[PDB]
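Could you put together the complete structure from these sequences and hints?
Number of protein chains: 2
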Amino acid sequence: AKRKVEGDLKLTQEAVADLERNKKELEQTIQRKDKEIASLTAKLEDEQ
Amino acid sequence: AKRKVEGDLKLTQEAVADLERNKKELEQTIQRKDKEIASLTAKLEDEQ
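Just so you know, the protein sequences line up as chains A and B, in that order.
Read left to right, the first sequence gives residues 1059 to 1106 (PDB author numbering).
Read left to right, the second sequence gives residues 1059 to 1106 (PDB author numbering).
The hints are simulated quantities; they were obtained by calculation from the structure and are not laboratory data.
Do not rely on the hints blindly, as some may be mistaken.
[What the hints assert, rightly or not] Below, a list of computed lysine-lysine pairs in the DSS-like style, where the Cα atoms sit at most 27 Å apart:
id, chain 1, residue 1, chain 2, residue 2
1, A, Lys-1101, A, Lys-1091
2, A, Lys-1101, B, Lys-1093
3, B, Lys-1082, A, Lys-1093
4, B, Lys-1093, A, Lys-1068
5, A, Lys-1082, B, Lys-1093
6, B, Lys-1068, A, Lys-1082
7, B, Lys-1082, A, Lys-1081
8, A, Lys-1091, B, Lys-1093
9, B, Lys-1068, A, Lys-1093
10, A, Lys-1091, B, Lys-1091
11, B, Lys-1093, A, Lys-1081
12, B, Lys-1091, A, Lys-1093
13, A, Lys-1068, B, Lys-1060
14, B, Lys-1060, A, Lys-1062
[Stated by the list, open to error] Okay, the calculated bits of chain A under chain B, using three or more residues with CB under 8 Å as the criterion:
id, segment
15, 1068 to 1078
16, 1091 to 1105
Beta carbons are placed, not taken as given, at the ideal position from N, Cα and C, and that holds for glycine.
Printed below as a string of structure tokens:
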């Protein structure tokens, strides 16, 4: 049994490294959509 | 040796779930911003 518990822990850890892979593939979208509105919501009121 | 590792899974599962609860809000803020940028590209073009 201890083996099963350890296996579950390993699987949960696998989910977390991947959860680093999610959180950095998403934070790039945070910065990219930040610079787009910093381009657009600057230029929209100017073209207003 | 089994006993302390059983608690370590309880530690690591919620730390996974905390990022997994941070996973859905991080999509949610992008889903909050997925719509307006595709909207303002029309609005900037309609005013232009």
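Status of each hint after checking the structure:
This hinted pair checks out: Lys-1101/A and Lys-1091/A have alpha carbons roughly 15 Å apart, not beyond 27 Å. Annotation: proposed proximity of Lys-1101/A to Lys-1093/B holds, straight-line Cα distance about 18 Å (limit 27 Å). Between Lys-1082/B and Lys-1093/A the CA atoms are separated by roughly 23 Å; this keeps the pair inside 27 Å, and the hint holds. Annotation: proposed proximity of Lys-1093/B to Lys-1068/A is violated, straight-line Cα distance about 38 Å (limit 27 Å).
For the hint linking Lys-1082/A to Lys-1093/B, the alpha-carbon distance of about 22 Å falls within 27 Å, and the restraint holds. A C-alpha spacing of about 25 Å is found between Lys-1068/B and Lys-1082/A, which places the hinted pair at or below 27 Å, so the restraint holds. Taking the CA atoms of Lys-1082/B and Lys-1081/A, the gap is near 11 Å; set against the 27 Å cutoff, the hint holds. A distance of roughly 11 Å separates the Cα atoms of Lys-1091/A and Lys-1093/B; the hinted pair therefore holds under the 27 Å criterion.
Distance check on the hinted pair: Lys-1068/B and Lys-1093/A sit about 40 Å apart at the alpha-carbon level, beyond 27 Å; violated. For the given pair, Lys-1091/A sits about 8 Å from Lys-1091/B by alpha-carbon distance, which is consistent with the 27 Å threshold. Proximity of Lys-1093/B to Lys-1081/A is assessed by CA-CA distance (about 21 Å); at most 27 Å being required, the pair is judged to hold. Taking the CA atoms of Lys-1091/B and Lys-1093/A, the gap is about 13 Å. The hint holds against a cut of 27 Å.
Taking the CA atoms of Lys-1068/A and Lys-1060/B, the gap is about 14 Å. The hint holds against a cut of 27 Å. Distance hint between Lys-1060/B and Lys-1062/A is fulfilled; the C-alpha atoms sit about 10 Å from each other, no more than 27 Å. Figure legend: the segment 1068 to 1078 of chain A, annotated as covered by chain B; annotation consistent (5 residues with Cβ-Cβ distances under 8 Å, at least 3 required). Coverage of the segment 1091 to 1105 of chain A by chain B holds in this model, with 8 residues showing a Cβ closer than 8 Å to a Cβ of that chain against a need of three.
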